[PDB]
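For reference, the chain that follows is the form deposited without the named molecule, supplied as structure tokens.
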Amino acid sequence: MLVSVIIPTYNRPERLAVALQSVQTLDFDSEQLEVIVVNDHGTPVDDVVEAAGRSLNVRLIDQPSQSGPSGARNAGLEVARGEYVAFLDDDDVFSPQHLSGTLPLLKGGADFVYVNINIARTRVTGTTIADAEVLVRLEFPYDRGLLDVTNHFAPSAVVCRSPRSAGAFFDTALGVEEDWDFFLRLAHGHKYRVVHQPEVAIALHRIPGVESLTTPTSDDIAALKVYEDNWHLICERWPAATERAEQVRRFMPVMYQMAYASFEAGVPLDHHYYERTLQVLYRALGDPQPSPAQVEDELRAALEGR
């Protein structure tokens, strides 16, 4: 009744079990918690979910077709009983303080809370986040409209007042930045009151692999093209609610062009170039307004590695 956790999962049965165990080690009264696991028509997860059910009130929904992370999260939102919903992607983990650290804010009058994010480069558990290898963390306060510029967190970091009660859902046409579109839909479409909670963190696993052993393929260009396209899509859909954020939006195509040129020249970008761009854009939104040529230079240093 108090909290529903929504875990969409697709051919990751091993990682799903790590995510579910991180729910089992929540410091929380399990009487007030329901877990909804949504299999997006991948390989079965009944055994994983059966195991977690020994300690949790878990429900498995089997999608009859692969609909995407948007479709699968909606499947969970439609059936969620909790006053508040907490998203968890099957390859991230909660810290034990995930709900004890956010629920006071939601009950006190927030509708939307996001916590710090540790971008973990090695696989960790819910009780072992501090053991993660971490080069960058997403800990941006909510005082400059960075969210109006571009996405600076991920669903696993979000606890929010029931989107079904608001009639607010994920857009199934978006396969990338669907979460950004959704957060803007709550914040601007439904006037959710957003609050940052820096005392709580999750682990979001971004394990490097082969790409930095090879070079930019024409698929890094294809994927960025779709990212760029959806970014323009959502920008048109949700106008910035401040003129400063509206001006800083114009830096993202500058950054995209820099990225394309690098890819085309066969030169890889920093593995965290997006997150280093967040830091540049967060500065461009505040304090004294830097010049546009200074910011264009910082984007350069951000995409290089420095």
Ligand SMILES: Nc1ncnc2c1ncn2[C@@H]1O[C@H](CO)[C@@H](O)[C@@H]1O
The other form holds:
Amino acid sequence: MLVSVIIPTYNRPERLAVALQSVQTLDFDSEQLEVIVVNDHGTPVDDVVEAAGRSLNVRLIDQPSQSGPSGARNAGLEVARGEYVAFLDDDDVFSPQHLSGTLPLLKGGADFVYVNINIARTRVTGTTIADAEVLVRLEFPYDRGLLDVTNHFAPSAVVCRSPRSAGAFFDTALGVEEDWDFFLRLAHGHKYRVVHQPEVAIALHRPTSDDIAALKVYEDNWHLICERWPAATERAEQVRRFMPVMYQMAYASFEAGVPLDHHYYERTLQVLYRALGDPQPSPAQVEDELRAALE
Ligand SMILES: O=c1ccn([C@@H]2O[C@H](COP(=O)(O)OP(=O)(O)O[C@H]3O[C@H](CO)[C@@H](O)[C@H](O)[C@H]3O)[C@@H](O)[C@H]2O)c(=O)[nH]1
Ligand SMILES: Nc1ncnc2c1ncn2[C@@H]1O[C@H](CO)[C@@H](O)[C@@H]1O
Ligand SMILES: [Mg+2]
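Instead of the form deposited without the named molecule shown above, give the structure for the form deposited with the named molecule bound, please.
The next block holds the full complex; its first chain is the one shown before.
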């Protein structure tokens, strides 16, 4: 009724158990909450789901074919009855404040809250987020249009007004950055009021020919998405120009068989945020920082 948790899942029955248990330890009245698990035509997870359902109002949906996270999430958005929807990937965990920390902002007039993200390089549980080897923390406020440049959060961090009621769904033609496209669909396409909640955190758990072709899917979907959704300030429209620069440097390294920094994208976001801010750096300066971020 109040909140629908949507968990797309695929061949990770055991991570899905951790995510569900992190819903069960929510500091929240469970009579107001439903959970929708969507098996994207992988190994069955009935016994995993029938276990948690002894406490949560849980629904298991079985896809007719492997549809990608877009098609699986959409299946959840279609039946989610909550005024509000909270996405949770099957390999991530909520903190117990995930809803008590976001719902007051939504009831107050927000349409879309994202919380802080801890990039967890060790597996954790919901009540033990702050016992993990935290590699990076994504905590960028919404004051600069960073989200217009490229994505800086993840669906496990998002609680938002019923997208089925807005008629806003995931694009099934995108297997990567389908979330970036969806966030802009809500914020621009449907004028959702985006608000950052920095007092709540999730734990997000995260070959050359292999790598070059992989990042190329990302750049090409990033161009697609940029073209579909123009930036809502001129500075952000200018700072998009440094993304193909960052890609070119990534490709250069990959071709020389040199590895990039572990979280070079997340170091890149910090450079792009800087470039969007009060004293504006010259492009040669950003370029030098994109270097360090990637080295
Ligand atoms: O065919 C698939 C693959 C995955 N999933 C589920 O989708 C979620 C995300 O999959 P995962 O492999 O964990 O994604 P990440 O690599 O962590 O992130 C991807 O999905 C993110 C949102 O989770 C986007 O931010 C990024 O573009 C993209 O890299 C999880 O619930 C998966 O179980 C499906 O339902 N179907
Ligand atoms: N604009 C973009 N948005 C999201 N991801 C992007 C991206 N450009 C590349 N990537 C690639 O996807 C992974 C990011 O964590 C990593 O594989 C790599 O950084
Ligand atoms: Mg993941």
